[PDB]
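K.L.:
So you can see what is in the structure, the chains are spelled out below.
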Amino acid sequence: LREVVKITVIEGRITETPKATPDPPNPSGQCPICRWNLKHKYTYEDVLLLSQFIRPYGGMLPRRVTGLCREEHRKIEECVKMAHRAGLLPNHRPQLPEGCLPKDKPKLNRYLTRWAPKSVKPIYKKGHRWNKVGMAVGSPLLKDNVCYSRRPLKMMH
Amino acid sequence: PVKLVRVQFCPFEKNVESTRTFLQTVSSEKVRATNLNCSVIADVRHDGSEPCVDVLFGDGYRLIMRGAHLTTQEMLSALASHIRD
Amino acid sequence: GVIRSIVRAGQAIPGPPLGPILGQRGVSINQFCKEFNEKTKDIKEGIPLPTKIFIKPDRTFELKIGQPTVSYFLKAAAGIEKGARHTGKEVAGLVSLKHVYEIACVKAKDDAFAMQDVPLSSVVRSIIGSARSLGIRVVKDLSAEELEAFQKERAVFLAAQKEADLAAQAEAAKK
Amino acid sequence: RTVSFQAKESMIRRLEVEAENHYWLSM
Amino acid sequence: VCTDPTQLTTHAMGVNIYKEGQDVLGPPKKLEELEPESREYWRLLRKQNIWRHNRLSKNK
Amino acid sequence: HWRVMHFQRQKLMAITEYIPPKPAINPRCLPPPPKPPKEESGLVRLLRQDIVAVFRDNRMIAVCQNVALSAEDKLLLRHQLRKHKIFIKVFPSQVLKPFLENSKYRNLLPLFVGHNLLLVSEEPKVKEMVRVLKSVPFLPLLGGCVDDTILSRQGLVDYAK
Amino acid sequence: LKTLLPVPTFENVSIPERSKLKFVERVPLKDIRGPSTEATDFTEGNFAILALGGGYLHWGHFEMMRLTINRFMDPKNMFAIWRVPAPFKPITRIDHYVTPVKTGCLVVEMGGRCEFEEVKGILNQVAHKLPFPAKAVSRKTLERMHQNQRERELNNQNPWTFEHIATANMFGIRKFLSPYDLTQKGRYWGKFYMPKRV
Amino acid sequence: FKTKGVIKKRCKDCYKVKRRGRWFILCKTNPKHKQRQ
RNA sequence: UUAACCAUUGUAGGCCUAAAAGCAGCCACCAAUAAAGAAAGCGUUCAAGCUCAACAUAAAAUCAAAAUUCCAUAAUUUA
Ligand code: FES
Ligand SMILES: [Zn+2]
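Chains as they are written, first to last, in my numbering: chain A, 1102 to 1258; chain B, 185 to 269; chain C, 7 to 181; chain D, 9 to 35; chain E, 881 to 940; chain F, 60 to 220; chain G, 135 to 332; chain H, 404 to 440.
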């Protein structure tokens, strides 16, 4: 990990990086997710796994650095959005540029949030029994996760 | 709007390549013509000296950039912000 | 700014084709032709010469000229005032190898666009390609009788083309 | 009308019973 | 210009064209004709590739 | 216009829907199949010979970075160098690696990285090369070998004298 | 060192003299309710529009195909032909004639020294305006289309299928089925074709 | 902003974004090309 | 396939076109260049002129089941 220092003269210093735990359980896996047998076994709640692919201010790291495949990169990206919206990453908040403070508006607790709350409109005509409009819960990208329920998860609430 | 741009690096040593690519971007006919105030110069040496870029301005501000660990894009990014003054 | 033109030495004032373009930049067209006329005296008159006039930021004339063009000469060598109107199968030029080589040797003397190719094979092929561009077929060597027979055929064909022109003229009159 | 999960299974169960009925009428 | 079969076949029209100076092979090789490992072969194929790319690019 | 199906028929359709076979492991997650034997296109083999020919023909091979100078200005440099009977060669680096990996010249690999140009001739007019280099100030020289001797630019300057 | 291959050679494909589409004379329930038995073969050309449903093509559509297709095709390199008859079926309020078409029919065929990608756009545009659902398919694409259909049937992991249940009258199902359903096997409903149904 | 059923890029500089629950093509060169779904 | 970069020259090439030079018109459709279409879309008093393909270096990898007043409450995992 290299950091740029300015003085004009500016230079970048490379520092030693923490090393991955050796001897993955499943060597020969391309994606780092499959070298540890995590293909379908992580959700938004798993901050410990998700945090590793996140920039200090909450952005996702580029795929070419993480080494994830596209299928798992998109799942990590979506899980991170849901984790952020659930307030599970209090230390990866956006940087405040200058003369900006947090909105101070009270925070509503939410989880399994597919979309940004700003841009989702209210359902004014909810519909009757068979034309009921569904409130989406979870993400479609995680439709293949291992399920421990008798029936598949109820995405539309 | 740049008085002069100087880059020095060690060719045969296998080290930073961003500086070499950065020199190529600096030594672009379109860029050179646009900033006609500057005469680009490239020099090489053998000593164990990490590549160093030196930029001179008429106002006297000198911007020194070492490719030692800087990528070529970051080199250009620093220039443009500095060029704006 | 460099401006191209293929104007012939004989006439140095084309006018609308170049004068207003030169005037749009802003220059004295008479001065341009006069120096072009100076080159006209050096060269034989009435033959196209490529020019590479540069209009400087100072708004001055910097004339650069080259040898006679390949295309016009091939038409002239073939004796074609107006080239074949199809050129796919309409041939009005029958050129022997010796003529092709000699003219190519003269060709490879300009520096502007780097006709400095060492092998004359490049230059000869380059002019042959021009012949293909034009309604000209590059024969290896022709007999005088074949030219006479070909000229007779061309005259008959040109007479038919004149009849076609008459039909086109009659159609144009109706329109 | 989407067909329910329970509705689909109960038809399959009956089909299997009839499928066996084919076997026992073949000898 | 010269319009004489004798002069046309026995004189060089273009050697000298100045006032002081008076008048003094198969088809392009096909991909079959071209040698597969020759530079000539590949430089015409590249041209053919450009032709194909332009043909495809027309409609977009 | 679709006509509603009897519920019993709709039940029949639901139970007879196609079910695809599911693999246990994704083929992507599995190790990638070994590459089959590749085919050399008629660009590397012919160019390989060219790299062989230039090394065999030219005793001195000096390397300089490509400057991305306008081709109209490359011509005059080529014309100027042609007047001095010194030729320019440019080749793809990746196909140049295998020969440079196993050849008389093997310490020039770092030089042969990125956009580059090759100074090739039959005579060691090395001092004149600086004069041709001095014609265009900004063009630098990275190094190479002169008269089969590998040396750097600073050493070349001393060798030129 | 970008790799390259010899450009595909269509030299074998000759160009018919009447490359442009001909004119069609405006005046010379099951017709669209089943799989087609005609025009399903490409024949001379390599590119054609595939009917994915049952519909009637009246003279108006014929002109739209005619005009659109004719304009853009290159006489030197492209040609086209009609794969369906002219309008012949009476319609009364004898107002006009409509040509029936069945799912799977090739409405129009194109050929010449051109790639599919070149002819993709216009044929897809023309197809979109046809009364029934349609698509532009090359020789390979139609072949792939059939191959996938056969592959789906072989590797199906559902023990129960419409054909077996229907033929054997399992569940007493034929009380709710039409006589034609046994032949269709659930692929075709009314004038609609369900590709995903095996 | 024309609201269209199907959005299509109209020039080289046109770019696509997902703002406030909808897809937009925005063109810096030609504001006419701006579209919404 | 779509991610960096570049674009020279035979020739303003045959043609009614004032003039049309890759890109009004129509014509065929080869040369040099390590690398570039007798041009693919732009622009056109006409051209100069904007890029795509040329060369070099550059990373990835088929479709998806309107008008009285919203209207059960709710819910993603325990076999
Ligand atoms: S989990 Fe194996 S490719 Fe990503
Ligand atoms: Zn736009």
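It should be emphasised that the hints constitute simulated quantities derived from the structure, not laboratory data.
Note that CB positions come from ideal geometry on N, CA and C, so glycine has one too.
A couple of the hints might just be wrong.
Each pair of labels, with its calculated beta carbon distance range [unchecked claim]:
#1 G:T275 - A:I1115: 48 to 56 Å
#2 G:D208 - H:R413: 21 to 29 Å
#3 C:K58 - E:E915: 48 to 56 Å
#4 G:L201 - H:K411: 53 to 61 Å
List time: in silico DSBU-like cross-link candidates among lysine-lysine, alpha-carbon distance up to 35 Å [unchecked claim]:
#5 C:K168 - B:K187
#6 G:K254 - G:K309
#7 G:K309 - G:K263
#8 H:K431 - G:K274
#9 H:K415 - A:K1204
K.L.:
None of the hints should be skipped; say for each whether it holds.
P.N.:
The hints, checked one at a time:
Restraint check, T275 of chain G to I1115 of chain A: a C-beta distance of roughly 53 Å satisfies the suggested window 48 to 56 Å. A C-beta distance of roughly 26 Å is found between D208 of chain G and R413 of chain H, which places it inside the suggested range of 21 to 29 Å. A beta carbon spacing of about 39 Å between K58 of chain C and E915 of chain E contradicts the range 48 to 56 Å that was offered as a hint. Range check, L201 of chain G to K411 of chain H: Cβ separation about 23 Å, and the 53 to 61 Å hint is violated.
Among the hinted pairs, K168 of chain C with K187 of chain B is inconsistent with the structure: their alpha-carbon atoms are about 69 Å apart, more than 35 Å. A C-alpha spacing of about 46 Å is found between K254 of chain G and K309 of chain G, which places the hinted pair above 35 Å, so the restraint is violated. Of the pairs offered as hints, the one joining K309 of chain G and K263 of chain G is violated, with about 39 Å between alpha carbons and a cut-off of 35 Å exceeded. Distance hint between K431 of chain H and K274 of chain G is unfulfilled; the C-alpha atoms sit about 41 Å from each other, more than 35 Å.
For the proposed pair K415 of chain H and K1204 of chain A, the alpha carbon gap of about 39 Å is over 35 Å, so the pair is violated.
Consistency note: the structure conflicts with the earlier hints numbered 3, 4, 5, 6, 7, 8 and 9.
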